[PDB]
Amino acid sequence: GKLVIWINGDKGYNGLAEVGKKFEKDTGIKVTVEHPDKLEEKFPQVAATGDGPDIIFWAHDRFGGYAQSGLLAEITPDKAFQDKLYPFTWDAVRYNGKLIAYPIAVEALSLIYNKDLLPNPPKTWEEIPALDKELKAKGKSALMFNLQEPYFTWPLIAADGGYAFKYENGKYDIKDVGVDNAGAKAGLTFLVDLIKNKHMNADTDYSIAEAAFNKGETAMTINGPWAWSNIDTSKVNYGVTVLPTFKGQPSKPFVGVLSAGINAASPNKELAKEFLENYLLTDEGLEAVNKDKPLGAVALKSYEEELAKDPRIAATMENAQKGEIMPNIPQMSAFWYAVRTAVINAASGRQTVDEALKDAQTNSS
Amino acid sequence: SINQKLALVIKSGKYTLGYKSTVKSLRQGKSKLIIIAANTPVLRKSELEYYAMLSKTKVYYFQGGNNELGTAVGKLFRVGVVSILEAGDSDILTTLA
RNA sequence: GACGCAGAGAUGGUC
RNA sequence: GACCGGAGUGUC
Ligand SMILES: OC[C@H]1O[C@H](O[C@H]2[C@H](O)[C@@H](O)[C@@H](O[C@H]3[C@H](O)[C@@H](O)[C@@H](O[C@H]4[C@H](O)[C@@H](O)[C@@H](O)O[C@@H]4CO)O[C@@H]3CO)O[C@@H]2CO)[C@H](O)[C@@H](O)[C@@H]1O
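These protein sequences, in sequence, are chains A and B. Each residue of the first sequence is one higher than the last, beginning at 5 in the deposited numbering. Each residue of the second sequence is one higher than the last, beginning at 9 in the deposited numbering.
The set of hints was computed from the structure by calculation and includes no laboratory data. Possibly wrong hints are sitting among the right ones.
Partial chain B-side listing against chain A, Cβ under 10 Å, derived [stated by the list, open to error]:
(1) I44
(2) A46
(3) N47
(4) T48
(5) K53
(6) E57
(7) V67
(8) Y69
(9) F70
(10) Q71
(11) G73
Beta carbons are placed, not taken as given, at the ideal position from N, Cα and C, and that holds for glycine.
Make the full structure from the sequences, and use the hints.
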């Protein structure tokens with residue numbers, strides 16, 4: 005008679021635990037919040053053996069693959085509840101017409117910059133090479149961001165036309181993949197260009213990029229709302245704005261929707277509904293989670309209305325709109341792992357851009 | 009759907025029910041596939057999974073407590089584990105495992 | 001026929 | 001207590 009929740013390490017997991025305390029103090033149910041590494045990779049392998057958790061948190065994309073394997077519980081919220089959360093956020097958590105998880109927030113990457121090292125942030129990517137030499141005089145870099153997960157380099161590869169799966173009359177064509185198109189190459193090339201022209205090291209990851217921006221060592225970074233709290237505490241004067249345009253076109257970040265699905269095999273599915281519906285998805289819950297690590301654009305209308313004024317969320321909302329919503333199909337996993345290796349190998353040297361993307365073009369199906 | 013597959017193995021081929029009986033079948037390597045109910049205690053699903061591991065036998069995890077297993081195998085009492093020996097017209101060892 | 005035990009091995013056996 | 005044994009079986 006307990007609820008074991010697995011949430012990602014770069015989220016408000018202490019603040020989600022804080023919501024579990026109210027749930028304990030009001031029923032005596034043990035709400036255990038864990039944040040295990042590679043959780044999205046683990047949940048499928050551990051639920052096939054019946055040793056998984058009750059509630060799992062992740063962006064809507066990894067949930068369709070689970071649903072296709074029957075690892076997710078058919079969530080059953082009433083008509084009144086559905087009209088509390090945005091009609092678009094439910095669509096992100098729908099597999100084969102059935103709702104498989106509860107939407108919690110709309111995520112979107114934005115250009116985070118140091119107002120002290122850069123009052124007017126770049127409007128385009130094409131000016132960054134210059135701005136870097138200018139800052140190399142003051143012994144500082146211009147742009148530092150994680151190049152190990154494709155999610156951060158995707159806004160650039162997608163900008164000029166790159167895509168995952170072609171969307172047609174509702175269904176996604178798993179055979180039409182836009183990672184090899186002329187536009188995709190250009191953007192991935194540009195990334196590899198700043199890399200080759202010593203403007204951005206090809207070994208930089210989340211831990212490094214976060215450290216540099218937060219310690220005043222670089223003008224800007226590309227990150228999500230989660231990374232705000234740690235920036236707020238570094239006492240750095242910073243802003244959250246639109247991503248730079250590449251080839252006179254907007255960057256198209258892959259918009260996630262922090263969903264919370266239930267384990268189809270869980271015995272305490274009934275308790276999960278009470279928790280997620282009447283203790284988390286409310287102005288009180290989201291707030292405690294948002295106070296730990298910001299969610300930004302929230303799925304719940306009530307609390308969203310409150311936070312809207314924040315100019316940081318304005319950016320998130322801006323980028324979220326200018327980009328595209330992540331497909332929830334099972335084939336997303338392949339495309340991701342596939343693009344993962346393209347951005348790395350391409351920038352490392354192993355394969356050239358054309359080679360890296362040509363391989364992802366195939367490995368993606 | 010598998011509930012029909014189980015039933016089938018029970019009219020044509022041999023099976024066995026219960027903890028004691030299956031562990032024996034694992035030791036003898038006579039069982040091919042085992043089936044353990046969802047909310048089976050930990051020591052036990054560990055001890056089963058363990059003989060299934062030593063015996064090099066496959067394991068299927070039922071999406072419903074022993075209560076529904078008994079119902080699914082033609083019994084009234086609860087059965088937390090099923091050792092499938094040979095399957096006649098049924099295909100659970102050659103389709104899902 | 002209700003309760004109680006009973007494949008998570010019952011009653012029942014044998015040392 | 002240990003072992004054997006596999007579907008019933010004790011009560012009113
Ligand atoms: O190749 C080895 C690596 O494998 C693992 O990385 C995988 C993920 O497991 C996949 O799920 C996928 O990643 C996507 C992710 O699914 C998707 O939601 C999106 O995730 C963002 C998300 O918006 C947000 O919640 C935030 O927390 O960050 C995520 C990005 O880190 O985008 C991901 C793409 O990066 O593909 C990756 C690999 O490409 C494993 O986690 C790695 O540690 C391992 O090295």
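Checklist entry - Of the numbered hints stated previously, which ones are contradicted by the structure, given in increasing order? => result none
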